[PDB]
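Before any questions on binding or motion, here is one chain by itself as C-alpha cells, the form deposited in one PDB entry.
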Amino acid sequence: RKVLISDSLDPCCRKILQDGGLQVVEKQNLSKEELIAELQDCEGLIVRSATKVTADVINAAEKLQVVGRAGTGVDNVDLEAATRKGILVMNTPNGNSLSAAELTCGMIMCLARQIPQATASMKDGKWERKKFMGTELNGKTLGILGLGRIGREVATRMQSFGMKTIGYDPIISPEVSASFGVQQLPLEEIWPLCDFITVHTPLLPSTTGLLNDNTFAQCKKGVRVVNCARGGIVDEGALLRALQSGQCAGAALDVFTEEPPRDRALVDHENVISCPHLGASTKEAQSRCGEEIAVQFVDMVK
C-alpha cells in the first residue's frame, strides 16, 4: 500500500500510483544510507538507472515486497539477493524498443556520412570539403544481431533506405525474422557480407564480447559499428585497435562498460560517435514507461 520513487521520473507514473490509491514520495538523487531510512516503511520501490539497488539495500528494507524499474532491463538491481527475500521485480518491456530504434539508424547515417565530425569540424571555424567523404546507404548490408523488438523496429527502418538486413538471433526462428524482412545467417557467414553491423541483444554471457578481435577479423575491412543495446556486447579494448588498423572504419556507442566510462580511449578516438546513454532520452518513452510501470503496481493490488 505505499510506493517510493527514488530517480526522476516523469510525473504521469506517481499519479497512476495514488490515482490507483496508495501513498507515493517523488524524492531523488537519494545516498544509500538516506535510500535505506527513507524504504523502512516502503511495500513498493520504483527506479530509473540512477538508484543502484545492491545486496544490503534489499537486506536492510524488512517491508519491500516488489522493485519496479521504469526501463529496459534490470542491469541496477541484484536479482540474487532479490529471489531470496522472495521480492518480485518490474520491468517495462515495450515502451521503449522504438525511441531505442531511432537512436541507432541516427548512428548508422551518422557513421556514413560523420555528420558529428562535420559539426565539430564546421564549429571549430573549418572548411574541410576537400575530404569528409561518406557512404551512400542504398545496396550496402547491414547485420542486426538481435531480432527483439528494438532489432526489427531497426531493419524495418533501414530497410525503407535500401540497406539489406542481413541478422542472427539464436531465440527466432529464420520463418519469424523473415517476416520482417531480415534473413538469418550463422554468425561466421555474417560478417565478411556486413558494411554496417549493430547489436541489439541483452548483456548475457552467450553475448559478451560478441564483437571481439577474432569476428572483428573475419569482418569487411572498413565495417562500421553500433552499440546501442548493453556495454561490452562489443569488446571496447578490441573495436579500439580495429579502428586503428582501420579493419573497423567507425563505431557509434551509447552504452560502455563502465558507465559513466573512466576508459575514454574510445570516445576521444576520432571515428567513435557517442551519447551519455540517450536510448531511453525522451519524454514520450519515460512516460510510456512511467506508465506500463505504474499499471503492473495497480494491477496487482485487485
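Positions refer to the first chain, counted from 1. Compared with the form deposited in another entry:
One rigid block turns against another between the two forms, and the hinge that joins them sits at 287, chosen from 255, 128, 287, 178.
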Contents of the next structure:
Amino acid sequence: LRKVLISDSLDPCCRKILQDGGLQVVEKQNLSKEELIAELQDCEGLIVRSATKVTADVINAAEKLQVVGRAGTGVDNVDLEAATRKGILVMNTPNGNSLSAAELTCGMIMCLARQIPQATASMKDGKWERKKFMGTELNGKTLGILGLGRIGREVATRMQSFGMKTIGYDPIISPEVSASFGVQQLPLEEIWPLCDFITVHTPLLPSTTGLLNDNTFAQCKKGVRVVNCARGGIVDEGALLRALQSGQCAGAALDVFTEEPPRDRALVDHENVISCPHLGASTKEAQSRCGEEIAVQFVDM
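Okay, that was the form deposited in one PDB entry. Show me the form deposited in another entry next.
What follows is just the one chain, with no partners and no other molecules.
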C-alpha cells in the first residue's frame, strides 16, 4: 500500500515501476534475519526472488507486512502457512517465465525427435553411432497440447512453423480462442490416439495430477513421445516408466519431477529420457520479466 522492500537480485525496472505507481521502495540484498526484520518494520510489501527465505519468524516480526511478492513461478522459499495465518497475501509472476518455458519445451520436442543429448554423450565417449540415433521428422506429425494458456499457445505457434499438426484441450480456454492460434480442441478421450507427441502446460491441481497415467498411456498411439516442462506430478512417473519399458512411450523429456531433485533415478537413467534440473525459468530475460511483472502487480492493487 505505501512502502516496499526489494530483498533480492532484481532488475532495476522493478524499482522504477513501483516508484512510478506512487510507492516508496528500499533496495537491499542477502540480508540476515534481524537485518531483514529491521528493514521490514515500516514496509507493507516485500519482494523476493530465490535467495531470501521468508520464514514464520520473519513474517511474525513484520507486523505491517501485507504482501510477499516472489519474482518467479514457484513459492518454496516463502512460508505459505505462516503468511496465511497473518492474513498476508503471497503473489508470484507466472507470465514472466512463459517465453523461456515455451522455448525449452520446443527444444525438448526437437531433442525427442533427433536424440541430440544422447548423441552428444555418445560422441563425448569417443563413439560414432549413426544407426542408433536414427530419428524422426517433425513435419506432418501431430502434437497434442494439454493446457492452452500462454505457454501452450507459444509452444503451438513455434511447432506450427515445423509443419506439426497442433491439437489440444483446456477446460478454461474456449475452442474459439484456441482456434485463433491454430489449435483445434477435441474432447480429451479423442486426443490420446492421434498424437505422435504430447506436451503438458497446466498448473498442478488435483484435476491435473496424473493426467498421463497407465490408462491414458494405453489409449496413446504406440511410440508416443512425452514432454513435461510444466510441473512434476502432471505425468504419473511410475506410469511413464512402465510406458518407456514396454515401448508404448518412445521417449520422454522432463524438466520437472514430483520430488526435486528426484531420489528415484529410474526415469533420469532411462536411455530414452532427456532431462534438465528445472531450467524452464533459467534465463536472464525471464528473470527481468518477473522483476517487471511483480512491480506491475503491486501497483495494480
